[PDB]
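Number of protein chains: 2
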Amino acid sequence: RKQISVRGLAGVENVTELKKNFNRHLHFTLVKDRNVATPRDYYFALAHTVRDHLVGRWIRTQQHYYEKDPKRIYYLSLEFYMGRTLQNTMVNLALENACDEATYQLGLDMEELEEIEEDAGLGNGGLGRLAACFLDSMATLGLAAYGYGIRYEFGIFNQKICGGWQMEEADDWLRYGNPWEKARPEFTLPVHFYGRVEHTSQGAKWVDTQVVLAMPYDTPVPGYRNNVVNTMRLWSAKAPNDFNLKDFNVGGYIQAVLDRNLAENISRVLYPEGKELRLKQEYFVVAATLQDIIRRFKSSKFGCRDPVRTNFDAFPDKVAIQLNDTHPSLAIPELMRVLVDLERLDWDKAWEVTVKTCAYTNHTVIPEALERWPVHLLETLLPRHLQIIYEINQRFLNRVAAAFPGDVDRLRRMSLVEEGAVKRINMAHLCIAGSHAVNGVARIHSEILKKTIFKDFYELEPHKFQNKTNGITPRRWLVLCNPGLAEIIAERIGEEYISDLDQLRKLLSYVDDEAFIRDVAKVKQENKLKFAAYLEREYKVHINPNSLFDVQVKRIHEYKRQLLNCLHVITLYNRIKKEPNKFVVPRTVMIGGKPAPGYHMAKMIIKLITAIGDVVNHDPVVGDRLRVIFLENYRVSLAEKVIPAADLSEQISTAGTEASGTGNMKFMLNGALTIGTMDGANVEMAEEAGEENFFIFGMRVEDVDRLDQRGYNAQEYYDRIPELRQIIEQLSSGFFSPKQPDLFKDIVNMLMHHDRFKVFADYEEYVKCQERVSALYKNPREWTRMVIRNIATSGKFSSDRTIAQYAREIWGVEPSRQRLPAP
Amino acid sequence: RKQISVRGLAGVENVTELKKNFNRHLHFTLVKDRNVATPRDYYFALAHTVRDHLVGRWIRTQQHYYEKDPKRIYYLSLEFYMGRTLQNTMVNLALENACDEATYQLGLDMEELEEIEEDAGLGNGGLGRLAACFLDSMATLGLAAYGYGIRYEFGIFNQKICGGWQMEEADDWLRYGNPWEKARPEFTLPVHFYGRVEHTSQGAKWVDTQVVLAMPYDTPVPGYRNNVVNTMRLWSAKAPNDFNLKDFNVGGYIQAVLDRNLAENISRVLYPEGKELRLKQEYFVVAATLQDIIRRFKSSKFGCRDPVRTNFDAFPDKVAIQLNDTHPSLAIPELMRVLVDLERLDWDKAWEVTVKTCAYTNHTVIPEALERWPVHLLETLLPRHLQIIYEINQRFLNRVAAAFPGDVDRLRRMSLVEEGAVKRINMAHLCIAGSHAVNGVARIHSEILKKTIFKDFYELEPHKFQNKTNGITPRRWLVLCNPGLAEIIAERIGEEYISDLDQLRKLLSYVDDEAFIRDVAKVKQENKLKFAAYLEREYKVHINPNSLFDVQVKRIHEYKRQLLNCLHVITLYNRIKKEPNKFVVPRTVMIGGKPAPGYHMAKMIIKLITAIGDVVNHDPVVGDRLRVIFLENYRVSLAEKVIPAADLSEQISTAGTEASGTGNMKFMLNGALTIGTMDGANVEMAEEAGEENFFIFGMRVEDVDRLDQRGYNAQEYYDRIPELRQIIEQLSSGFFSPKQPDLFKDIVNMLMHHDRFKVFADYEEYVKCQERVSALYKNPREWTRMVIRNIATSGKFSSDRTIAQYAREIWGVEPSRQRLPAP
Ligand SMILES: *Cc1c(COP(=O)(O)O)cnc(C)c1O
Ligand SMILES: *Cc1c(COP(=O)(O)O)cnc(C)c1O
Ligand SMILES: OC[C@@H]1[C@@H](O)[C@H](O)[C@@H](O)c2nnnn21
Ligand SMILES: OC[C@@H]1[C@@H](O)[C@H](O)[C@@H](O)c2nnnn21
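For the record, the sequence lines run as chains B and A.
Note that the first sequence covers residues 10 to 281, 287 to 837 in PDB author numbering.
Note that the second sequence covers residues 10 to 281, 287 to 837 in PDB author numbering.
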């Protein structure tokens with residue numbers, strides 16, 4: 010029975026074995042054969058073959074954490090934007106070449122099968138992709154970390170562009186199954202909703218509740234070549250279904266058709287606002303995760319080590335829970351509920367344990383976007399939790415009274431309870447009172463937290479407030495997506511940079527080496543030729559692959575100012591038509607992202623870029639000095655193709671609206687130069703590379719506020735600037751929508767009348783800054799020496815630095831860049 | 010491609026590879042190890058090890074039917090009572106020996122791991138076990154046979170006896186998955202409901218329908234050691250998701266919630287009567303199955319060579335559809351719809367093809383079991399099908415008028431349309447009109463069909479009508495459940511009897527061999543000791559393993575007469591109470607079966623049997639000369655435990671109510687004498703063993719009709735028989751329910767006043783027959799020699815005999831017992 014063992018079921022380094030395992034998985038796991046098999050079956054047979062090398066190290070890692078009993082860190086995010094695991098797994102396991110030879114000799118192209126895989130429908134923007142970069146960095150630095158979230162069946166949609174408009178189609182990324190997850194039926198937990206509180210002896214009993222079940226699926230997340238594989242655990246909502254005729258209550262009408270349904274769509278799709291489904295989702299994931307966290311605290315040595323009623327005096331030493339935005343804020347009233355109501359701890363002990371355990375990360379700005387829940391909603395589905403919140407509040411405000419005697423307006427600004435037309439719980443306030451550290455995500459974001467949104471809280475507890483600038487994993491975003499560049503770098507300085515990215519600093523010694531200079535340059539050329547063709551392999555147009563690829567890829571949002579870029583695009587166009595014989599550096603400007611169903615302007619903006627493209631891409635005069643391409647259904651795998659092909663990185667939000675950005679750092683790493691405002695982590699990128707090496711422009715956060723206090727009047731920019739006067743009329747008159755002239759009615763009036771992000775205000779500096787870009791592009795050697803100057807200075811933005819800072823400053827664990835023997 | 014073959018993926022009868030593959034499945038398939046594995050995890054790891062060797066043979070069996078395109082036979086049933094696959098797959102594959110030595114070197118006890126498997130919650134009584142026995146016989150006799158049915162997610166309940174009452178608990182046999190089934194998402198088919206018919210140019214169009222998806226699950230079914238592995242394809246109902254935007258039906262209001270709950274619960278649980291949901295299960299399995307039959311008829315071979323527009327002319331020679339009861343009878347109008355509406359053949363061609371394809375088996379008699387559907391129900395959900403049942407009826411009724419000119423009573427009698435308070439479609443008339451062969455299930459059963467229920471039809475087409483007496487598979491019902499008896503039969507006569515059960519006649523030469531005689535009794539005593547201990551390993555009382563094990567295991571139903579057996583248990587109890595010192599052959603009576611929720615007389619009978627056990631197993635006087643035990647949750651694996659332990663088999667239905675029985679045959683093969691009436695298959699069995707070797711009592715069908723014809727008054731029996739009179743008044747006075755004296759009121763008035771099954775009329779002859787059973791049990795060599803006479807004469811009751819007669823006489827294929835080889 011000691012021979013029921015892992016030890017030798019998979020001889021690594023081996024083509025012969027990998028072809029045997031490929032074939033056993035095709036015929037036995039899949040129950041298919043070459044005659045019946047489809048490329049999807051081929052892809053699944055390979056996913057299962059790489060997969061066996063993954064769960065071997067997974068078993069052995071969790072065995073290790075069990076013997077070792079370290080502090081475990083729990084990262085709660087309602088988004089994990091994972092997108093495609095095959096290639097990431099093979100390079101973190103060093104399987105790439107071997108899988109490649111093996112599929113070749115088998116008659117299959119590994120690349121074409123890679124393209125069969127779906128991007129995991131588990132997230133949407135930068136909150137999700139950040140949790141995915143962080144799980145790769147926790148595994149590589151050996152932390153005992155777990156990702157917890159929901160298993161959405163439809164993710165969030167795929168974007169189809171019909172006639173210039175975004176169409177949102179359904180994403181059932183799980184149609185055929187997903188080879189990476191492992192269902193865990195055994196671990197199913199119930200989550201309770203509605204009910205009422207019966208205040209008995211000791212106290213409260215939350216009675217008469219509806220139950221929904223939480224079933225976990227696990228996915229392994231491999232560290233970079235150290236053999237530690239960590240777990241991402243995602244919950245699925247399952248109805249209890251004894252009802253057909255059960256309890257005995259049965260008869261009436263089936264108003265429990267509604268219980269299965271409403272239980273079932275807690276998992277079906279992702280979200281952006288304040289509705290009862292969103293609160294049910296938020297509580298579903300908090301409740302299940304905390305039950306599992308306590309289950310695992312209790313089994314691994316602490317059920318044994320009970321002393322006094324399995325005590326939690328050590329819980330903060332063995333558990334850290336990271337609360338990402340206020341979406342999992344209910345973890346603070348929920349942990350206080352399990353500890354007081356179920357473990358019978360004193361309120362005062364449980365509160366101590368809670369705040370040493372939980373820490374909060376705020377990821378976005380401007381002081382109203384943070385969750386507030388009506389007290390009557392909370393009263394109805396979570397009655398015990400309004401009770402615990404009210405007590406936390408009663409008690410925090412007495413602290414504030416202790417600190418700041420007698421000034422009463424701060425007690426009411428600080429309150430978790432907001433008054434007005436409808437009383438509400440401010441969840442961001444909940445998050446601060448109950449967390450031991452709060453952080454922002456880029457140095458200027460954290461500063462505005464201390465100075466605006468959270469300044470009262472900052473004055474009560476200055477120490478709580480930290481900064482942990484976002485990072486990007488250099489495995490997926492360099493090694494995986496830009497293999498050519500990762501090679502001419504390893505040739506010069508070695509391969510250790512892949513998990514110590516500050517070693518890219520060594521590259522500055524080659525700024526003047528003609529050989530590095532032409533390599534850096536050939537890789538971009540090679541990457542651009544590849545992209546120029548993919549862009550006609552799936553979809554089409556005519557791309558000059560010798561143009562400056564100018565690209566803005568991020569979600570479509572007015573704060574992000576795809577509109578500032580459109581104004582500059584049409585200026586270039588008006589310029590070329592006015593003087594068709596003038597030399598102009600040619601550009602392919604590519605814009606991509608997803609609106610949001612129901613974000614009307616964002617939908618309108620996508621139709622402007624389309625419209626603009628139809629005019630300038632079929633203009634015989636313009637020729638191919640300008641092409642404007644809207645890249646359809648941007649997502650992680652498309653980010654993997656276009657970001658290595660880019661020359662200019664558009665990072666242009668209004669100073670102060672973009673808390674950090676993370677797309678900005680993938681482009682710096684992949685050899686693109688950046689044009690952007692002094693917002694987010696752009697500030698800190700310009701400081702590492704040198705301001706000389708960055709195309710900064712526009713209004714600084716200082717200047718936005720000044721504009722706010724004099725009052726922003728867009729007519730005065732219209733009036734003093736004629737090319738801007740010209741674009742606006744072209745938009746008004748139907749120049750770009752000739753069939754339906756005032757289609758851009760809306761954009762024009764928002765710009766002119768109630769533009770919150772001050773586009774015209776930054777326009778002249780923008781197009782002058784762009785003019786300087788074109789001048790550098792015209793000089794290849796210099797363009798490429800500033801590119802080296804950027805790639806060499808990007809190490810600070812590795813998610814490995816970000817996570818070693820969370821580990822040592824908030825979680826209190828030491829990173830480890832050390833091998834586990836395995837498999 | 011060439012190198013993507015089943016290549017050499019396991020060595021079979023090799024312990025060394027089975028331990029290897031065990032370990033791969035525990036670790037890489039299940040993602041557990043020895044620290045963490047539970048008993049269930051080792052069972053699932055053994056299940057996947059054994060399954061690999063099943064699918065290798067399965068793929069090769071289906072390739073082989075493709076290259077040989079044989080006549081394929083589809084066995085349609087709404088029940089498949091499979092009960093537990095691990096041990097049947099290892100002895101059918103000759104792998105048990107090897108697996109037993111592999112789990113044992115690993116430190117596991119394979120007997121405990123087999124016990125962890127759930128019975129497949131796929132069936133309920135005799136219709137289901139017949140279909141599972143037949144799938145094992147079709148495979149052993151090398152037929153290209155497919156079982157088609159519905160995958161129920163929770164079967165039809167698990168029974169719990171609480172306070173002596175049946176309580177039904179839900180069965181999710183699927184909680185942890187099922188390793189035997191392969192989901193096939195790719196092959197989803199849509200089933201249509203509702204709609205209306207557009208009689209256009211070529212004709213009808215069925216338009217505006219609701220769509221439910223029918224997703225198949227394949228389970229392999231292995232023949233005894235010949236390497237053919239056929240398929241059980243079970244359909245799962247899926248709701249079409251577009252509970253979001255499509256048709257913008259919703260997008261303001263939800264009630265599409267009911268289409269999802271109702272679609273999906275076509276699959277949730279099993280049924281017994288007439289409502290819209292039953293008819294939706296029935297049309298669902300018929301529609302999806304028939305698309306696959308045509309698909310596979312075109313695709314496998316006939317979509318490239320096909321002589322005349324892909325010809326259905328050859329379809330009756332390449333497909334046989336067996337219709338089990340009226341539950342699949344919509345296959346006759348569905349075949350016609352598809353051929354006439356979708357394939358454009360003429361109604362005459364398509365009808366010629368339909369009656370040559372379909373055959374009908376009737377399984378139970380009183381017109382109740384022969385479904386009738388209101389034409390209003392049918393006009394609403396299957397409008398085109400109703401148009402076709404009417405056209406079939408016309409044409410049929412013209413045929414009967416041609417044959418019987420002027421006999422109008424006949425026309426109105428044979429018609430498929432029943433008038434009355436609601437016009438109805440008599441579905442039995444549809445299966446007879448549309449089938450080329452109609453059969454009953456035991457010779458007296460098929461006689462009464464030609465004689466009473468279907469005589470008009472028999473008069474119109476005598477040749478259609480046949481008999482096919484049921485059988486039992488000797489693999490499950492002897493080798494598997496009684497390894498001891500199978501072994502001492504193989505020491506004398508070898509092992510060819512496993513697939514040629516008539517060879518057991520060879521054991522009549524050993525009727526007088528003293529060694530054979532004591533081996534047959536040793537085996538029986540070991541089965542009893544073993545079962546006496548299971549009975550108190552799980553559950554408990556004190557069972558004297560020397561007493562006569564008297565057992566009745568079958569559904570609780572008034573025609574099966576568990577009440578007659580109760581009348582005798584109390585006679586025996588009353589006897590001992592009058593003479594506590596008389597010598598009595600001591601008995602353990604065991605009764606088991608499930609009621610039917612909603613069959614109230616049947617839950618009263620379960621309560622009587624329990625109440626009678628409370629009284630007698632606690633009577634000090636009685637000691638252990640009588641014990642009454644109810645076996646809780648009788649299902650296929652309990653029938654495998656109790657049937658080898660039995661001495662006496664109770665088969666006591668009123669003559670003329672049990673069509674055949676099949677449990678009667680399992681008891682005969684395992685060395686138990688039978689006490690029974692001349693009903694169903696008891697008649698042919700008594701005939702095979704010699705009447706002298708059977709304890710036959712009571713009324714014969716000719717007698718039941720007389721008694722009927724003079725009227726049954728139960729009081730004249732009450733009046734002339736004193737032990738009876740005493741039983742009834744003990745029921746009445748509350749002797750068996752002292753806390754609630756008239757608890758068994760219902761029973762007493764049914765018995766006294768409206769017993770449809772003439773219990774008092776066979777009671778005297780019954781208690782006397784029982785005394786003879788007791789006289790013989792006291793003589794242990796004579797009892798064993800009559801057993802050898804019954805075990806040696808059980809060969810006609812092999813389901814291999816039954817299936818070779820369906821093959822030759824109804825399906826036009828020949829059995830083969832040629833071992834298709836290999837891998
Ligand atoms: C990097 C990334 C993001 C974040 O980009 P920002 O410009 O920081 O908003 C969003 N989506 C995808 C697909 C990404 O890979
Ligand atoms: C054989 C069998 C039956 C049928 O028994 P009869 O007495 O013929 O009705 C029913 N249930 C199970 C579990 C069986 O094994
Ligand atoms: O921290 C990750 C990212 C930031 O980089 C973005 O700037 C910010 O808009 C945001 N909102 N949610 N998550 N994020
Ligand atoms: O034919 C199979 C079995 C018969 O053996 C039973 O006697 C009969 O009651 C029945 N009803 N449905 N299925 N069955």
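By construction, these hints were calculated from the structure, which means they are not laboratory data.
Accuracy of the hints is not assured; some may be wrong.
A pair holds if it fits inside one copy or across any two, identical chains being indistinguishable in the list.
[Said to hold, decoys possible] Calculated pairs, DSSO-like style, for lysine-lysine (alpha carbon to alpha carbon, straight line, at most 27 Å):
#1 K520 <-> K289
#2 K810 <-> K29
#3 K294 <-> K520
#4 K214 <-> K11
#5 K255 <-> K169
#6 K289 <-> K255
#7 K11 <-> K28
#8 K247 <-> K520
Evaluated hints:
1. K520 <-> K289: neither (52 Å within a copy, 78 Å between copies)
2. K810 <-> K29: neither (43 Å within a copy, 47 Å between copies)
3. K294 <-> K520: Answer is neither: 51 Å inside a copy and 71 Å across each miss the 27 Å cutoff.
4. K214 <-> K11: Answer is neither: 46 Å inside a copy and 66 Å across each miss the 27 Å cutoff.
5. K255 <-> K169: For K255 and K169, only the inter-copy Cα distance (15 Å) is at most 27 Å; the intra-copy one is 45 Å.
6. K289 <-> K255: Answer is between: at 20 Å across copies they meet the 27 Å cutoff, but 30 Å inside does not.
7. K11 <-> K28: So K11 and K28 pass the 27 Å test across copies only (13 Å; inside, 29 Å).
8. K247 <-> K520: neither (53 Å within a copy, 58 Å between copies)
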